[PDB]
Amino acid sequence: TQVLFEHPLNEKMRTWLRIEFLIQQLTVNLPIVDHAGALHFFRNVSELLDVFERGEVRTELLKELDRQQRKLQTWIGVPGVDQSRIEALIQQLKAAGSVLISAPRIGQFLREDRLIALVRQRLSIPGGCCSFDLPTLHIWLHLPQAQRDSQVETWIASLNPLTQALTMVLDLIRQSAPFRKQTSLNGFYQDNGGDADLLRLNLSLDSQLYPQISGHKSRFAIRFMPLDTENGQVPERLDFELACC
């Protein structure tokens, strides 16, 4: 009966969350059988390439992978903790890293693909991607299903070195911190984030509201606002759980 809100506390976590989201959307509506499925797929690809054009994700994500290995290394001597399970986890990190750096250009396969590039151009036009403006797509959707599935696989698997490394670090961020109980007065809250990239906030579906998070330096502030901007309102004592990961 709870709703989890994730909020990035730096431009790093923003990009990673956007990329994580865009990548998993590719594999959500498979297989591609119709226009809807195709346009959903290609647009997610198109939006992925646009994010990639903004800089090099490779360099940041590789620094983050190394960062996590050093943290796990701090836990070796601790009583009770098991060695061969984190060192295997460390070994998976170095593997995800070595593959990422040795990987080709990111999104280049998708960038160079004739059909995808031909759809990418027509996406910026509201009614652009119809059958008469994309006969090439229209004829592609009449092909045997097995031919499309093979193309889709090669397209998604080209993002495998990135997908791996990224999934690794986000899975290790979301496990680094526990949910601490906090309370808000009149729908307001603030704290010093510190050295965290991600806030994880559990509310309540029945609580009738959502968090609006702002930031300054390494500090954050939450103003809980009612989903209904008119019919419903914050209490003066709102209990919630928040993790600083």
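If you superpose the two forms and keep the largest set of C-alpha atoms that fall within 1.5 Å, you have the rigid core. Positions refer to the first chain, counted from 1. Compared with the form deposited in another entry:
Note: rigid core superposed between the two forms; among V234, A221, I23, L17, the CA shift is 2 Å or more only at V234.
Core-superposed comparison between the two forms: the CA of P79 exceeds or equals a 2 Å shift.
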Given for the second form:
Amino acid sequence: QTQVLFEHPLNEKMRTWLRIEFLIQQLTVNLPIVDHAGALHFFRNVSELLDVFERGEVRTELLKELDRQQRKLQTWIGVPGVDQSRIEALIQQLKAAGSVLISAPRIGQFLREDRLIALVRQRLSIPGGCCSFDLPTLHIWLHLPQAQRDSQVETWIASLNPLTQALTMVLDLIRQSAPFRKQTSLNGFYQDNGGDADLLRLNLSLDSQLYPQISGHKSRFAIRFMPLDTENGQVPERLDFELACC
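Could you please show the structure of the form deposited in another entry, as a counterpart to the form deposited in one PDB entry just displayed?
Keep in mind that what follows is only the chain, not its partners or any molecules around it.
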């Protein structure tokens, strides 16, 4: 049968962390950059990556979250009587993940400074503005050799290993913190108390012409399952879904 995951942030920093995790993956979509399309896709996701670091301070809270997962993993270390080896190198994976970020360059500086990127990013604010005759540097850049762009791209993506990785760990260690408890929604409606929880990972069943519309006040969240167009396939119903509170 058909299945779909629905991640949703329960707080203001997971929102940011997921936004970025999405932005960083997009850099790597295919990566034979060849066409106008190719380059723009990249720089928009980079510029958008940059726009976040205009605010936020993504370095400090990742650090603090890594110490959290350590203090978590700490809890499990002594007893129970299963897994010691894996978890220790898993902690040492965080210690090195944590360590490397703070001493690394002011995150995003390389691409912020970059000349080719500098140009395209100011022209990403006009509709159809970033084009051939508008970005004469871009237009030639594409005409250069096939593996010249690939030498500038890798360095472009590689500059954010301090951020990419640190995050990549933290988020794996979140997504495993909560098992999938099988719920049921009355009247196409549901509430609970998230608690400390950062994320919801809502698994949706038979594709009911429905999707999770989540709201929340303080710690408590309210899921309401909306259908695709109001009077198109209206079946609010009693749903039998699966939801984990990471």
